[PDB]
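Shown here is one chain on its own, the form deposited without the partner chain, set out as structure tokens.
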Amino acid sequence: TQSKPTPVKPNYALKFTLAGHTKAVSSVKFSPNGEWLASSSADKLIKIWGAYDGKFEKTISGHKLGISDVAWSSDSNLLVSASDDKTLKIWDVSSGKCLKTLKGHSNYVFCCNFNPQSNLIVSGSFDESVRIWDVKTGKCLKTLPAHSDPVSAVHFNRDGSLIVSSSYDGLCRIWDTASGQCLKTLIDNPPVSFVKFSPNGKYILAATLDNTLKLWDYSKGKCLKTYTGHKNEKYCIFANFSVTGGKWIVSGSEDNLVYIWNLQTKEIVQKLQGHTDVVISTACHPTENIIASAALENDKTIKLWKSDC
């Protein structure tokens, strides 16, 4: 007799605190194979940690100014980083060495992602452009005049045919990867600080700097769900879909907590306490009920939390 579990709430509990960065942490990401956690920081460094035990593995260095974002390739062998030095760098994680420096942006690079094939990288910058890069050659393939204010997030869908971008200009835009042309603009116009596609490819999850997260059917232009109760008026704070156990939405917050909501009811189901500064970034492990969170410069640590569901 087979049943479907429906947990009312998770029970994430602190397991490890990861110290080592000397300035604000800016992003954390789990490797797709689930073995590693990468972190980036205003201290110009990337650090690699064991995903299950938080054990320090290595520091990856080379950027000349702070880093805002890091992202993994699909095979977990490469990382790309986005820096205030106006470059992105592609790293071989095993060797810890820089393979390519992606030059073209004219101001801080704020956000980056590989496509699932991992032959392309997308970036967004304070220069208000989105760029599409060839991983092999390290050269820019396309520059999209995407926005009229800094670009806060860029994300590919699962076949890599679409990019979604967000900006402080208050817009979310859907771009056709192959041509670079805009497919859709979603629009008051509060600054959009984060966006990504949902697991089923149908929605975008968008954060705005009015303490609001919204799940949009982008083809219809209809808001399906809204998540509130956290604090987000200043920083570009990632949000996540938790796909391993219960259906949750996860976000950091400017009141130093991690917020977790019920996807469908929109109720807060847990708040995780421990950090002593803004939780700027959270990540959800790809197969286990594990959350990584990271905080700004009064804290500078990463925390690993684990749930039974």
The other form holds:
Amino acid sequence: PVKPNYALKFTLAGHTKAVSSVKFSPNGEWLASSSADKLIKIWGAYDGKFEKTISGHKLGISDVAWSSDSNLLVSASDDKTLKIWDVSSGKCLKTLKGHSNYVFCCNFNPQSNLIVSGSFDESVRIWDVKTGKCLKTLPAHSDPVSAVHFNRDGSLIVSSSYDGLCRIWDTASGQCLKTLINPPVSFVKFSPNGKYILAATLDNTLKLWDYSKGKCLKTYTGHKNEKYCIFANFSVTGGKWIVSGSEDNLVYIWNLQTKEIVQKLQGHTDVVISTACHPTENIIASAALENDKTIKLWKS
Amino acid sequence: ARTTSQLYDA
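Mind giving me the form solved in complex with the partner chain, seeing as the form deposited without the partner chain was just shown?
What follows is the entire complex, opening with the chain shown before.
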């Protein structure tokens, strides 16, 4: 194909403050959303039906992540803690304490026996899911950490920070394997095959790097991104796209190889801070900040 | 903190 057919199907309302992140369940079943109103909300992925609300954090939440088996959720909050929840009961299974400032990002590893976290304390922390104990505290960066992500088999961690660096660490030892160096790097994540790394910088630019070689392979422009840490995604179910939010209330979709903008989705009324792609269907979830506070589902 | 401009407003 040359251009996708993304049309709006549902607009989800419920959050009373700005939404911070939206993540599809690995089983393609649910969509989890986190808000600055200290709440997580679970919605149906294909009908948008509100299913439940998860509460417990004392301050706003910046990120959510699912277990691989779609049974657990992890939450990073301003209350300096992460929280592991059982999605079905909604009860908090564990509280990860250790960071000394706002926890900004979190993610499970594929095994979902470890959790990686970044925080305003400029460190990356690796926690054991079973016990909730902190296994490792890597002095990751010199400034707030914007994103943390495991690779395809969980052997690597990638981290980004406002200090302008991206860093690949060996999970088993915690040692820094690679550093690419400066505008603030606001987002980072591995490609599906684990060979590439997508990094967004606060100069309205995305870059697909091959960290093996330490070389920038693609550059995506046209959108607006200078202030907020906006999520980006590889869209793999249909055509191979790069999807992102933007500070001009648009959802940008580039063709990965051509890097040309293939679509700009209109609807949100504020900065689209988070986007997520469905694991099996051509479904995109977008979330925006206050003045909007809604989640929009798009199908192609 | 992801929904704020704290670092940019400094």
